[PDB]
Structures are given as C-alpha cells and as structure tokens.
Amino acid sequence: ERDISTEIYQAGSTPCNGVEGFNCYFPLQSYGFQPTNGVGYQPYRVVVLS
Amino acid sequence: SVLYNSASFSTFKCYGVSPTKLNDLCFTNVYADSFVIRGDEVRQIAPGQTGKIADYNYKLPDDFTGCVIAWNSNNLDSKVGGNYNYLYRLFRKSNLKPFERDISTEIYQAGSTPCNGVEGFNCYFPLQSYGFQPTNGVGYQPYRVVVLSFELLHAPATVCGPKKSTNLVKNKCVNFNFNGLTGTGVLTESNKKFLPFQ
Amino acid sequence: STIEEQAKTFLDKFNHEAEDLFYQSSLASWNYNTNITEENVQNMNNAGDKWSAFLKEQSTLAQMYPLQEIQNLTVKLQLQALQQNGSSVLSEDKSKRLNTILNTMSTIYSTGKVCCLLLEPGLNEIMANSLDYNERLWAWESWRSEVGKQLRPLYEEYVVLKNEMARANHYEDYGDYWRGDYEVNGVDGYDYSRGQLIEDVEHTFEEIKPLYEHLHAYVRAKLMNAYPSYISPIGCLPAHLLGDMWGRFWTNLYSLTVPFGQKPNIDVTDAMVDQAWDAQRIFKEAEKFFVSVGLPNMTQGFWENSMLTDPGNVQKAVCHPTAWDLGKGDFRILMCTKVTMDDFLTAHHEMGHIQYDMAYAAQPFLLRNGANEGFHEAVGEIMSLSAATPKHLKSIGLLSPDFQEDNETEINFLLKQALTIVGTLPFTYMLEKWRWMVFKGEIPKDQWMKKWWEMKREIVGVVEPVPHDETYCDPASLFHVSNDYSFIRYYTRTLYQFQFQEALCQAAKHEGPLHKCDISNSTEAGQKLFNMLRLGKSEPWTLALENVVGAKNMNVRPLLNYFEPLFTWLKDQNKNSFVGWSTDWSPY
Ligand SMILES: [Zn+2]
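Each protein sequence line maps, in turn, to chains C, A and D.
With the entry's author numbering applied, the first sequence has no gaps in its numbers, which climb one by one up to 514 at the end.
With the entry's author numbering applied, the second sequence has no gaps in its numbers, which climb one by one up to 563 at the end.
Residue numbers for the third sequence, in the entry's author numbering: 19 to 133, 141 to 613.
I should point out that these hints are in silico values taken from the structure, not numbers from a laboratory.
Treat the hints with care, since some could be wrong.
[Stated by the list, open to error] Derived DEER-like restraints, expressed as beta-carbon distance ranges:
(1) A:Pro479 - D:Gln101: 48 to 56 Å
(2) D:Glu549 - A:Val367: 28 to 36 Å
(3) C:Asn501 - A:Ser383: 45 to 53 Å
(4) D:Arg582 - C:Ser469: 56 to 64 Å
(5) C:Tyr495 - A:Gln414: 46 to 54 Å
(6) D:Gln60 - A:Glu484: 25 to 33 Å
Cβ atoms here follow ideal geometry from the backbone N, Cα and C, with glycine treated the same way.
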C-alpha cells in the first residue's frame, strides 16, 4: 500500500476539526540529510524487486 | 483519566509513553515530584533541557519515562508585598544529578577569594527568594509543577487500570471473559455452592 | 578561575537584586503617581533612597573588578555603566555645594515671578497670543530682568563644579559628559568616540539650514502683516515677537502664516466624538493599530492596572501621557485620556515607549534601556507619525471620502510641523553648542551673553530687541540649563525619526513625499523595526541604525524628503520678499 494523504493526525480526545490545534499534528516529517552527518543518519537509496 | 480529562492544566507532557495510552498500562510503582517555580522557568524542565532549575534545583534524566504537569498557582500563593517563602538555588559549585536533592547552604565562591565564613566580594549565599506579587507578569507569576515517574521492575506490578466491567447477559450464546478466564457458551444460574475462595 | 567568571557572578548577584528593589521603588512611585498624597510620598522616598544606596554600594563594589580582562563585552558594558562614579567623585563639600546650586536654581525656575505673573500660565499664554509689541517686549525683557536676575549668578558657579566632575570622570568637558552616551568604543568600524558627536551634528546642521533660511524669510515676510512697524525685511527676527517668550517654537505663528488657510487641516475627531469612542476604545484602536503593524497585544493586567482615563477630583493625581514600566512584567499607562485624535496619537506615542521598554526587557537590567538617549524618543514618535497620515485615517474609516488630501491641505500641514521642528533644531544646536563653549570655556563668564547674541544671529536668525548683560542670561532663563538636561536629544530625535521613517516607508514601498506613507498592514516594516527595539543599549546605535536605515552615520536628507513639497513652496513663495535673513539688524 501507498498513502499520500496529508490530513491532520489527532493524538487525543480533543476533536481536531481540521484546525491543527491542540493534540493535532501533521503526519509527515522530513529527513535531516546533511552530508556532514553520521552514517546512520546519512541517506540510503533502496530498490525492491518483486 | 480524571487527570487527563481535567482540562485545567496549562501544560501536559508525557515521555516514554503517550498520554492517551496510560490507563491501559500497569507499573511497579509511581513517584510524584512537586515544587513551585516561576512561569518563566516552566520552559526549563524537560529531558535534555538546561537552566537554573535543571542545573541547580531539580534535574531530569534524558531517558525520562513519565509525565509533567504545571498550572499557574498565582491565586493561592502570590501575595501583596510578595511571597518570599519560596526559594531557589542561584549558585552551585557543580550541576545536580538526575533526581538529586541537596538543601545545603554552604557559601558559593567565584574567583580566588576564600570566603572564611562570611559573604562578601564574590562570596555569596547560594539561594534566592522569588517575591511573588499579584502585580507580577505571568512569567513572574508562580506555577505549581508535578512530575510523575513510572517504575518498572522485576517485582510484580502494584498500580493498574482501572478495568471496565460490562453488563451481564444470559441464555444467549455469547463470548465471555470472566476475571481473565476466557471462553464461549451459554450462561445459566446454578444450584451448586462453591467455597468462598474458589 | 578568570575575572570574567568573577565578574559574571557579581553581576548576576546584582541583576536579580536590582530588578526587585527597583520594582519596589517603582511601584511606590506609581502609587504616588496614582495618589499624589502623603505616606505615598514617604513610601516612594524611602524605597527610592534605599534603591539609590544599594545602587551606590554595588557601584562601589564594582570598582574592585579589573575591567580589561573581561572579553564577554556584555559583562564589560554592565561594568562600564555601573563603575561610573558620577557626582560622588567630587569632594563632599563640592558635592554638597553643587547639589545646593542645582536645587536652588531648579527651584527658582520652578517659582520665578515676573511683575506679578508666574512663568506658567502667565507669560507663556501671553507670548503665544499677545501680538502687542509693548506687552511682548515687557513679557520678554522682564523674564530676563526679574528671574534671569536670579538664575545667572548661580549658573556661573554650577559650570565649574560640573566641569570638575567631568574632569574627574575623565571627560574633556561637561558637554562631553552628555556626549559620552553617544560614544561607541572598542568596536571595529562601529566605534564612535565622544568627540565624534560634535562632527556630523554640525555637518547636518549646516545641511538643514537652507530650508530654515527659506522658512524664516517666508515667516518674516508673512508676519510683517502682523508686525509691519517692528520687523525689518532684511534683519533677524526680534526674539519677543515670534510666538514664544524664548522663541524656541514658532508654532503659534501658524494661524497667521498659513499660505492656503482656506483649506483646513485633516481631522476626524468629529466622527470619533460622533461615534462616542470612550478613550478605552481609543486604546483598543491603538492596540489594533499595533496589531496591524504586527506588534503584540496588551497584557491582561495592563488594562486594569493602568490609568487610561481622568480619575476626577475624587482621586488627586497630576497626569500627562506617560509610558510606565515597573519591571517584573508590570507595564502600565497613566493618562487622563480624552476624546481627541491627539490623545489617540499620544496614546500611540506612549505605546511606542511601552513597546521599546518591552522588547529589550530580554536584556539584563542595565541594558534594559535604549541604545541612545534619542533613540527612545524617536521610537516614541515614529508610531505616532505612521498613524497620523490621512491614508491611515481613511483606513480608520473616520476620514470621509469627502475632502481627501491635496497639496493645499498638506502645505498647511507641513508648515505647522516646520514651525514646530525645523525652527527648533537651530535653537537646539545653538544652546548645545554654546553649552559646549561654556563647559569647554571658549568664552569667559562675562562673554557668555555676548557670544550668545552673536550665534543667535548666525544660527537662529534671532536678535535681542533690547540688550542684556551679565545681570541676565537667556540660556539660564530656560529649563534645559536651569534643570541640567542633555538637550541634543531633540536634534537627534528629529533626524532619527525621519531616518527611520524613510527606512520604514521604503519597506512599505511608499510613493512620493513621505507625508502619505502608512505602515499599517505592512507588517515587514514593523518587524524590521522590532528587531532593533529588541536590542536596546546592548548593541551600538551605530549598528541598530545600520539595521533599520543602513546609515552608519547621521543623515538629514530623509527630513528634506518629508518636508519636500513644503521646501518647494517656501522657495517659490520666498520671493514675496528678500530670501533668507541678514545678521546686521535688530529693532533698536
Ligand atoms: Zn517620546
């Protein structure tokens, strides 16, 4: 499965109503790929064959 | 839940476990740490953070598991002229350890000046009082902080739940989950008597 | 360990005490300001006296810290402020004598009588209105001849003890003492030693001068309708005639000198009185204006803890527009505010000082101040000037689409400003330069008034209508002498105001002359200003002026671009008579 949806995630009972308020979060995060960074944090390209 | 739903705290954080996921868990023990600070200091207390609180008064481990609460206590421990009965350490010769506590008032020194039993030029008493007045701005207003620390151990659990009971039903074929016993069937009343501990 | 560690810990032990004790003094003073009665006096006094005795003790302790080893600068700047000995460097007998000279000559200026009339209102309200040469000459002369009589003998002895504290504080003169605050020192490029304040100020004064020479010649040519028998078309202007008893403002001449007077100035107070705004609405509109600039909202306690309206006779309290900062986040205003557009813009004026006092509050106690003595006042007015424009008043909605701005209205507008502003920069530089000459001693104590009435003709174009001597002193007959004030603030305030204006209007992408510039909704202009308010005296004003304007030194061309159409019409109208003035005339 792939899911490219960008709707707000709600972490608690407080209904987010799309407001991106309290307990309301964006479900994506971006990687810190600076070249002067540790190898565990360096990027790796991955390919899968099926 | 009665804490999570209280809707009466200006901050609520949890670490190692998400705050919604707490009643569905058990622990060996819990410990609650509580103290008063300025609102301007409330921002100092998190794992990894640093500040007069974190350095000299109270310190968290960076692998903390637990939760933190604060609310403004102005309306019950500020006063006209100011409350000076609340003290913080301004100086220490070294920073605290996590969960360290030390009340000791031994004089602090800066530069080469042996203090020889008195304060003076660069010899100072290491503690300061706030002086919470109702005229103060909220950063200078007092806040009551509580920190809950969660224990897991080789010993058995002692704090839990609570669990939720549900309505009984009879004669129908149903799934049943009695006191951790599980099965399926029909339930009916019975004549036999057990002993009271079976 | 290092001295820097030693100095850090001392100043930390200062700062936490200083912010508390200063608050205790300041709250008692607010209560006295809120209730001008006894016991409020004594509580204010005792706390302020003990604050001073704390501050003097800490300054005496700060002497044992060797300043040169500190590299942090910020510790150094607090030391460089705290270690200043001030008057306490004098011998106690000379300290006590100068203290008596100060208290006495201040009291005489506060109490002097002209026979009888007091200074306020009696002489002020005469000279703003009399238009009689006989009354005006009497009211001018007698102020020198009845109270100048008393101030001059004391001023002669004040100068020496002031120079002695300047010397012992290692200043070159007691003018340099005031020049000390404009000093930037120890910085590559940004450095600006005390004496550098004589330069640029004289360089810009010689540059603004033509606009005032054309104003003076227009005013003279126009006012000869009022004073035909008393003014020469070629001479200087007689110091008694010019709408003031000192002549430091011509702003009262405005009603006689409007060229297009059949076009009234812009106002919307009538719509605000019609809509019955209740002063609290005005501070609410002032908040919405600051919010429209992107500046933050009033704090909750401000609204009740401040005084935003006249208390009435049931609560005795002297009141004028006054930004109040107490510390501990306690901000307030005191004003007996009323339903006018000038209360509105003075609310903005004080709120600018509220914002500046808030932004650098992140700095330590001594650095919680403006980057120079004039920057704080310039910041105050620039949020007034930005809101004063008819474009904003149209955005306020209270300005009807009827009678929009036009040149005939705006020349009337700028004229009164010029009579308020560019008429005063000559007088400001006059006294400050003459004071530089007195404190340096270029002129002995008998030449003072004779050099004065020479430079009054070169600088201001103003002349003695009847001569005065060593029994008199026109300088010492004025507040900034009689109350020991750095006066150059007025000069620098003005140029910084328009320098910041041009920078803020360029950010607002203003068009044409700067009179129709509006900074509301141009949030970037506010944030570009706010990042300077955030610094205060923690960083050189020669850097903060680079941050706003980019001008690493003082510039006056933005002012000429504000008065730009007024200067055009002065030049065009000046040929109604001789252009400029000549030194070689006085009425006698
Ligand atoms: Zn001001």
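Taking the hints in turn, this is what the structure says about them:
no., hint, in the structure
1, A:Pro479 - D:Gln101: 48 to 56 Å, "violated, 25 Å"
2, D:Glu549 - A:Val367: 28 to 36 Å, "violated, 48 Å"
3, C:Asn501 - A:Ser383: 45 to 53 Å, "violated, 28 Å"
4, D:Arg582 - C:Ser469: 56 to 64 Å, "holds, 57 Å"
5, C:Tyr495 - A:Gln414: 46 to 54 Å, "violated, 25 Å"
6, D:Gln60 - A:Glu484: 25 to 33 Å, "holds, 31 Å"
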